[PDB]
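A single chain comes next, written as structure tokens; it is the form deposited in one PDB entry.
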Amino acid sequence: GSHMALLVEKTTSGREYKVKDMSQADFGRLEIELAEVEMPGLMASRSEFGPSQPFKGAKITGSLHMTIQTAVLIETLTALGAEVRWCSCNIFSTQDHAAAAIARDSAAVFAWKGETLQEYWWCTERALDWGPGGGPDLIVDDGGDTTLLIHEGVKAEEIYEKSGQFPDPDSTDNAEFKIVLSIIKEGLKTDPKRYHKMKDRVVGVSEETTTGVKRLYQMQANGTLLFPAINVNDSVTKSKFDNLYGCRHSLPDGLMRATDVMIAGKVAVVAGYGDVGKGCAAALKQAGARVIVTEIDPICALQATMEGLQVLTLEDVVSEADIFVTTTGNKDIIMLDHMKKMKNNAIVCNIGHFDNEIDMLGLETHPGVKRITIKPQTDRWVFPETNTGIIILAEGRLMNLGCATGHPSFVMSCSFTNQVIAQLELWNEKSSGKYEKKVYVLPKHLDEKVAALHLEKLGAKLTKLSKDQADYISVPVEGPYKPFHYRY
């Protein structure tokens, strides 16, 4: 045993956890109570499905950011009868009071704000380690890390079974992957069939985000996907709400908390004009920034221009802009070369994925550079050539979750009601043959249902078609109301 080894603790009831400070649980509970009222989709799910306990006997592992919002989700799953283990899908996204309340009251949770990468992958392993009764039956994933671990696990287990050999980190120069290989290697010593049992038992994964979904289709394409997946991201009531309106809320929140910078009057660059970029551009524009968009897609670019935004390449604006936000799901958007051209105290952040939209590696190794931490997740990197700095948020990781609290409860209720519906579907069809080792989306009538569940809370009064009218536009009175390919 390492002096510093990571060890699980247990509640008085013997449920495992590792969180920052259990003493935060009362605070967590207070904010969860407030969130419940803001999440009518999740609460209606509890009312409708609670009494029939549809998840009885089901074991669910989840990776969604361990926020107050995720708490209300977790407690919806447990209210429906599920047993649950959880981790966060980001080193900075956990809200420690939410983690503590869940660990105390409802589920095993391995999560805290300000994890190391080593601690992060440990947490992922623990969320997946159900012990001798086995599991999980079901996965809720956000970004595909959990799913990746299982797939790399099964691979490592096959090599092991057939040649007795273990993974070797020296085999990779990717620092995070070195971590992953080491975790799997030590895992082989404790249960060298962990992942194979998992893959024979897992009924499905529901995946929350665009980047995760892209990973899944790749795995389908190359025939490596080990089980059914529901693409929750592409529900309309997710993509067109969470990705768009959620960022419109949480991008400015992240900037304000992290820097207290005035947005009005500034020039802000948004790289990407998909759903996330549209929402970020809107916030910035609405706050009185002059927004310039970068894009690779001419349709998206043309949309930006119609909204009165300038579209240029980063090179055109790098020396002039005050705020830079990456929204692409791509890599190598803002490179060291760019960063060197930025004005003193330019703010640089990523709200897309991972840590590679911004060139943090090149920044680290810039000779003479000096990192000055202003406060947690606000860092000023000082360039010696100029004695000026740039302000990096959340070390290049998701800035909204890292520097503030992510999206608000109401819009996450939309996303998370889809997650519940997705889990209920996978589970209800465990023995059906209906889902293969492919990626599926939820049908439109359920997508509409999610929206309907949220209207009353806002006092929105929907019109009802007459039969005559429904006949005329050839839709049933109760919907669905739009064609399959409708874009909203």
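Positions refer to the first chain, counted from 1. Think of the rigid core as the biggest set of C-alphas that the two forms share within 1.5 Å after superposition. Compared with the form deposited in another entry:
- In a core superposition between the two forms, the Cα of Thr172 is the only one among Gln310, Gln286, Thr172, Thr224 shifting by 2 Å or more.
- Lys189 shows a C-alpha shift of 2 Å or greater between the two forms [criterion: core-superposed Cα displacement of 2 Å].
- If you fit the rigid core between the two forms, you'll see the Cα of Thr373 move by less than 2 angstroms.
- For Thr116, the Cα coordinates differ by under 2 angstroms between the two forms after the core has been superposed.
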Contents of the next structure:
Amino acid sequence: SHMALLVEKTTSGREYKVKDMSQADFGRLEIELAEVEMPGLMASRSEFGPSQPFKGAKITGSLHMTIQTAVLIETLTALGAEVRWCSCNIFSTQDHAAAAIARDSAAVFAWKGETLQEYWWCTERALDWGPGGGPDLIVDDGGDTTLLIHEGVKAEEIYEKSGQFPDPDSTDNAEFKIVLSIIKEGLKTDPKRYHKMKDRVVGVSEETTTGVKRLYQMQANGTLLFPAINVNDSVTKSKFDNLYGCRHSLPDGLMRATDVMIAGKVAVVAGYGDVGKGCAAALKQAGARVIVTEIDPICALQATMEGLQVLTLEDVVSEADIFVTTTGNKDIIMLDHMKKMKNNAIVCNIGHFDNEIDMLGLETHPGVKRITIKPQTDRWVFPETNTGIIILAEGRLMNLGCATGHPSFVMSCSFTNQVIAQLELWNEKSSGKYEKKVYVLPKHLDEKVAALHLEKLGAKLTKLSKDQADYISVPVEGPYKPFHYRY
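We have the form deposited in one PDB entry; now please give the form deposited in another entry.
FYI, this one's just the chain on its own, none of its partners or other molecules.
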């Protein structure tokens, strides 16, 4: 890397670190377009702008630094917030979005193609509100910022007693060694950094399935330090972004990274949850023959109902042309599988982290060679066979890494939920309404998010008469469905 890990500042004194500030004008042009595609965000600015509900608030966000996220940030700032941000993936930043935000609106520490050390430095920077303290609020995607704070508190409690430091030797996970080393270094400067932080944090709102999994784990073990709102599981997030967003951005990533024809191919989708449903839909609708793997018999049965074959990976590894992992689990596509794939099979992950595909096993395979075709398209050649596979985005989120992730309209659904969650936490900061638990937004607000997006599309809703509303036992104004309704 040529990056020097020293913050820069705007003329006004606001910190940042981005690839290229000269891209700000281009960022602004695309943000202007995105705004039109994001009516829920823009409506939120109109509704809440006058009252400046986030005046005086300090918000840290660790969410992919895209054009979409720029619109979200500029909604928080339109509402009065001061904001610091980082990306939650080393390849997901759109550098022009980051530049525009750094120039005009918020402190940003993000660039496309970070190293893992840089990633974690940016995370620290986004949390670093200086001696006065902060953040008041956190917007998280995947849970890494939340993780750092919780791990930090734990380390601080040990250090305070015995003077023991985290030891990277205690983990075999190369990235978690980084984390432990950063926590150690922080103890050596301020051994109560995270204590002070957690005592000020009003809450976190979490974007994605994997992050929410991490939250429920912390709830269950009594370690969660502050309230959390699960944004993922709003209906208007999970059943839109995860599904329709990947239906858009999976083929976009494939096409940009490889230009491969999807029609006529065999594609394997590991998992058939919301993401796998959307990926399988895209591949099928592009003319691929899609094979699904699953552990959940209900999801497997759904896939069969949709005309998809359900097999185990071992039955199709030498046949398939394209492999997509969507599971949120580890150890889906191992080195042993990769070695059996046809020459130039495309292997990618749209789920989580770097461990759905066995990138560790690949990189450490004796005699393997990596040929970079272009950024985020790598061909790995095996010495036994002298054939190769194509790995996208080093096994990290392929849609954001190889293309631009989901489009604005669907991200407006997700991010209107984020605004609503942040407003709820902040408005209730002094009320005691929320405990140190995980909450979801109520149905009437989930419905409001949908309703805010109808006019853009020309969708005309019918109004119940009072008689009709009574007949199905709902209010005229909703909510319209029972608590456990699945849509």
